[PDB]
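Only one chain is shown below, in C-alpha cells, and it's the form deposited without ligand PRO.
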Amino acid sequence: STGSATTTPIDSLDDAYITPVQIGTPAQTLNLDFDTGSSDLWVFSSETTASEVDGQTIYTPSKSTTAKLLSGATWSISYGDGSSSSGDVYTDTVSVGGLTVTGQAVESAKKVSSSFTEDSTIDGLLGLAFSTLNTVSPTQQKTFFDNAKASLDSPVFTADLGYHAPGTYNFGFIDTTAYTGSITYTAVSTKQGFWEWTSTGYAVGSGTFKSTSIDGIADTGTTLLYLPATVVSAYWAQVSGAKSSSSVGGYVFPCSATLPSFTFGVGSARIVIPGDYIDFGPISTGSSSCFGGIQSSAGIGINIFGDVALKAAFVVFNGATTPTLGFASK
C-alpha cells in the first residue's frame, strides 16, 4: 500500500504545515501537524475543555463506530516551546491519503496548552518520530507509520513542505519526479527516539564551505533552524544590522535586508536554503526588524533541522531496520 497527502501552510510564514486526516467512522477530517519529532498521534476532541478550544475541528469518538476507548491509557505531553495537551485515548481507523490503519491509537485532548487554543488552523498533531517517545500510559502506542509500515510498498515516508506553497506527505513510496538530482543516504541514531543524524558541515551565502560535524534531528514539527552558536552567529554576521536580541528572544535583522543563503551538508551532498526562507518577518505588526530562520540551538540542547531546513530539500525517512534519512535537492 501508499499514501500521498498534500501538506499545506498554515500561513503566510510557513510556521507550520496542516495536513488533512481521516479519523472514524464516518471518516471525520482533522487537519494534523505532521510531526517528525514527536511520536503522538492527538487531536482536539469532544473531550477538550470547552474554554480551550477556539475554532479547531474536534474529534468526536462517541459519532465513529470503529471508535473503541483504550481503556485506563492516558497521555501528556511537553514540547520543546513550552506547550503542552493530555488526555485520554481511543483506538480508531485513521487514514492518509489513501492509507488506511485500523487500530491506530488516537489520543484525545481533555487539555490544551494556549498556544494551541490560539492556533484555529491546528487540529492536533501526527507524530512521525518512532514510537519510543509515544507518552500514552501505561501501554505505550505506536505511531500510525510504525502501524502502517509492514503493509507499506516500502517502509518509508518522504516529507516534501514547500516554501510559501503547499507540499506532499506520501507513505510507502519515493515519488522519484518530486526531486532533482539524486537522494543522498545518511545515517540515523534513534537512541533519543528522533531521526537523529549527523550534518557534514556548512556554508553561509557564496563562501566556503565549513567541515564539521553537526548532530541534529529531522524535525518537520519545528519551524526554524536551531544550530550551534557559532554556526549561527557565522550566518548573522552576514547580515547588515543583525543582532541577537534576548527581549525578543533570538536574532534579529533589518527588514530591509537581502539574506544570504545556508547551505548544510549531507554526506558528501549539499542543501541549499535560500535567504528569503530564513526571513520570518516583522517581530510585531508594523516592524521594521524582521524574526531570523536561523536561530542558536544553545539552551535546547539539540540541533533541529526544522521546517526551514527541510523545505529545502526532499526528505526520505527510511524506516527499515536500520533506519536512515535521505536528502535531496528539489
Second form
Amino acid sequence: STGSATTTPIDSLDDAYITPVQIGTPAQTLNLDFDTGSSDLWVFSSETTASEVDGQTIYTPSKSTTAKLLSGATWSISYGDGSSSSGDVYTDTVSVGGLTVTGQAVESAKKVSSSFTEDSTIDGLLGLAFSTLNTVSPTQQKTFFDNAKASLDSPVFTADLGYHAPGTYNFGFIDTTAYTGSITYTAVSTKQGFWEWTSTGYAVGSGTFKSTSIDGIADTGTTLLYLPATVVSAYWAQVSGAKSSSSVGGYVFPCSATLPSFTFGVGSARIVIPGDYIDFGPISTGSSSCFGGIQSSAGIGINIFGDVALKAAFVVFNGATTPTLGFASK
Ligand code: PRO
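Can you swap the form deposited without ligand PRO for the form solved in complex with ligand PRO?
To see the whole picture, the full complex is given below, headed by that same chain.
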C-alpha cells in the first residue's frame, strides 16, 4: 500500500503545516499537524473542555461506528515550546492520503493549552517520531506510521514541505519526480526516540564550509532551525544590525536587510537554505525589526532541524530495521 497527502502552510509565515486526515466511519476529516518530533496522534474532540475550543473541527467518537474506547488509557504530553494537551483514548480507523490503518490509537483531548486553543487551523497532531515516545499509559501505543509499516510497499515516509506553498507527505514510496539529483542518506540514532542524525557542517552565504559534527533532530513540528550558539553567532554576524534580544526571545535583524543563505552538510552533500527562508518578518505588526529563522539551541538541550531547514529539501524518513534519513535538493 501507499498514501499521498498534500500538506498546506497554516499562515503566511509557514509557522506549521496541516494535512487532512480521515478518522472514523463515516469519515470525519480533521486537519492535523504532522510532527516527526513526537509520537502521539491527538485530536480536538467532543470531550475537549468547551472554553478551550475556538474554531477547530472536532472528532466525535460517538458518531463513528468503528470507534472504541481504549478503557483506562490516558495520555499527557508537553512540547518543546511549553504547550501541552491531555485526555483519554479511542481506537478507530484512520486514513491519510488513501492509506488506511485500522485500530489506530486516536488520543482525544480533554484539555489543551492556550497556544492550541488560539490556533484555529490545527485540529490536532499526528506524531511520526518513534513509538517509544508515545505518552499513552498504562499501555503505550504505536504511531500511524508504525501501524502502517507492514502494509507499506516500502517502510518509508517522505516530507516535501513548501516555501509559502503546499507540499506533500508520502507513505510507502519515494517519488523520484519530486527531487533533483541524488538522495544522500545518513545514519539515525533512535536512542532518544527522535529522527536524530549528525550534520557534517555548515556555511554562511558564500563563505567556506566548516566541517564540524552537529547532532540534531529532523522535526517537522518545529518552525525554525535551532543550532549551537557558535554557529548561530557566525550566521548573524553577517547581517548588519542583527542582534540577540532577550526581550523578543532571540535573534532579530533590520527588516531592510538582505539575508545570506545557510548551507548544512549531509555527508558529502550540501543543502542550501535560501536567505528568504530565514526571514520570519516583523516581530509585531508594523515593526521594522524582523525575527530570525535561525536561533540558538543553547536553552533547549538539542539541535533542531525544523521546517526552515527541512523545506529546503526532499526528506526521506526510512523506517527500515536500520533507520536512516535521506536528503535531496528540489
Ligand atoms: O474513563 C476512561 O476509561 C478514560 C481513562 C480515564 C479518563 N477516561
